[PDB]
Amino acid sequence: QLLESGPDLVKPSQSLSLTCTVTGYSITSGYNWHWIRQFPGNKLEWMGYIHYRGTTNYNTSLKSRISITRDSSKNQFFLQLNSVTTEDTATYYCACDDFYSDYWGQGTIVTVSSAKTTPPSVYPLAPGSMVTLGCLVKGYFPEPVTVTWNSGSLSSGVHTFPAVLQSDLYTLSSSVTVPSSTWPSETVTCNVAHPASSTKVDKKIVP
Amino acid sequence: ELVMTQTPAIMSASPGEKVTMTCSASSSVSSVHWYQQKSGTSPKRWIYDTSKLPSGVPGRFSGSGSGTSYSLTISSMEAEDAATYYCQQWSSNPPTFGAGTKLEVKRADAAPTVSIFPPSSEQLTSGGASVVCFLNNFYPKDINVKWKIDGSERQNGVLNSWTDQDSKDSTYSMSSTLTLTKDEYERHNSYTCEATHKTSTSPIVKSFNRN
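Just so you know, the sequences run in chain order A and B. If you use PDB author numbering, the first sequence corresponds to residues 3 to 35, 35A, 36 to 82, 82A to 82C, 83 to 99, 101 to 127, 134 to 212, in order. If you use PDB author numbering, the second sequence corresponds to residues 1 to 27, 29 to 212, in order.
Do not take every clue at face value.
Computed cross-link-like contacts, SDA-like style, restricted to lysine to any residue with a CA-CA straight-line distance of at most 20 Å [to be verified]:
(1) B:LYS207 to A:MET135
(2) B:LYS39 to A:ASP101
(3) A:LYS44 to B:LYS207
(4) B:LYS53 to A:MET135
Chain A is faced by these chain B residues, among others (derived, beta-carbon under 8 Å) [what the hints assert, rightly or not]:
(5) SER43
(6) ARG46
(7) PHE118
(8) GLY128
(9) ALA130
(10) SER131
(11) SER162
(12) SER174
(13) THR178
(14) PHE209
For the record, the hints were derived by calculation from the structure and aren't laboratory data. Positions of the beta carbon are idealized from the N, C-alpha and C atoms, including for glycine.
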């Protein structure tokens, strides 16, 4: 139904832009199409929407910096938030709804910072009846980063922890538990992706 | 500038137990919507017009209220109902949201599985040395990790992180990472990760020897 897209890192004082490509319904037929964001801390804020007709409605406190427009032909609408500040760092979601029904996108994170993109360094964590394996992803910026095990075949038994900020760099860790008789017999590898720097690393966990 | 106060911020409920969450408005509001958001996904409207249900929302859920007091009730909870619930109003501009109420699911106490990991080769080859410790699948969430190098609590310089309540077994997991410099690391020998939870009188210890 709805997918959000746009650059991840945007400098303070500049403008933030996002695209929502809708599929399975004409955004000119019906529904109200909104832009809603969630700040780190989970606080939510409705930003605005545009009717089936280019008529718009914005959150008063954003009225001077926001603009919502669309391109019928491509079945997508956009969001521009001018003069961003770090306070605009958030997960942006696009959505639609009528009195009875709503649809949302997966949401896309945008970081407003003067800091510069830094790839992460992936380190393996092997043991000092199941065995617990790890993977340390540290020194990167901005968020997000994705971590999978064996390309996803090892999804269950995985605990990927929230990243923690420190010295203007995020650090994260991930764990996976498997039967003692599976590792190191069968290869266990953590896959890490960091789109902001187009990084894709693979670290085999060696005993 | 219409403040929505939700209470409590966090609350736990056993399966089958009735559950009620409150939303207090700073000024009267005519309507109120509720949204549900589970870990890793996006909000989803749960209730509109203060009391109506959108297709897909279990009948066990119901909303009610008026003026400055609204509430979301779960007649009987199921573990699938664990999430954060936000109330919102469209009466004034802008359409404010409450800070949300996190509904935890209660369950028997479960001891944490502890695992400790020495710095890797790749890392030690960059002068770095991060010691990591995992405390997986425990309950209650409140727990405390303690680092010790050569028998002395290496207190500061530790980064901890918690996962949300597991959707499968309803437990919690946490990670503790003490970062040192390659040189300070090779200057000590005993590295212990000590965890004190509700599941044991004595702390659960785990520790390697740098050799």
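Checked hints:
1. Proposed proximity of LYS207 (chain B) and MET135 (chain A) is supported: the alpha carbons are some 16 Å apart, at most 20 Å.
2. Annotation: proposed proximity of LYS39 (chain B) to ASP101 (chain A) holds, straight-line Cα distance about 16 Å (limit 20 Å).
3. With a C-alpha separation of about 38 Å, the suggested pair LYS44 (chain A) and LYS207 (chain B) falls outside the 20 Å cut-off, and the hint is violated.
4. With a C-alpha separation of about 48 Å, the suggested pairing of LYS53 (chain B) with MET135 (chain A) is violated against the 20 Å cut-off.
5. Interface hint status for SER43 (chain B): upheld, as the beta-carbon distance to the closest one in chain A is roughly 4 Å, under 8 Å.
6. With a cut of 8 Å, the hint placing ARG46 (chain B) at the interface with chain A holds, because the nearest CB-to-CB distance is about 5 Å.
7. Evaluation of the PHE118 (chain B) hint against chain A yields a held restraint, the C-beta minimum of about 4 Å falling below 8 Å.
8. Using the Cβ-Cβ criterion of 8 Å, the hint placing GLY128 (chain B) at the interface with chain A is not satisfied: the shortest such distance is roughly 12 Å.
9. With a least beta-carbon distance of about 10 Å to chain A, the hint placing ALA130 (chain B) at the interface is violated under the 8 Å criterion.
10. Given the 8 Å rule on beta carbons, the hint for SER131 (chain B) holds: about 6 Å separates it from the nearest Cβ of chain A.
11. For the restraint placing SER162 (chain B) at the interface with chain A, the shortest Cβ-Cβ distance is roughly 4 Å, inside the 8 Å limit, so the hint holds.
12. Because the closest C-beta pair between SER174 (chain B) and chain A is about 4 Å apart, less than 8 Å, the hint holds.
13. Hint on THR178 (chain B) holds. Least Cβ distance to chain A is approximately 6 Å, under the 8 Å limit.
14. Annotation: interface hint on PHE209 (chain B) holds; nearest CB of chain A at approximately 4 Å, less than 8 Å.
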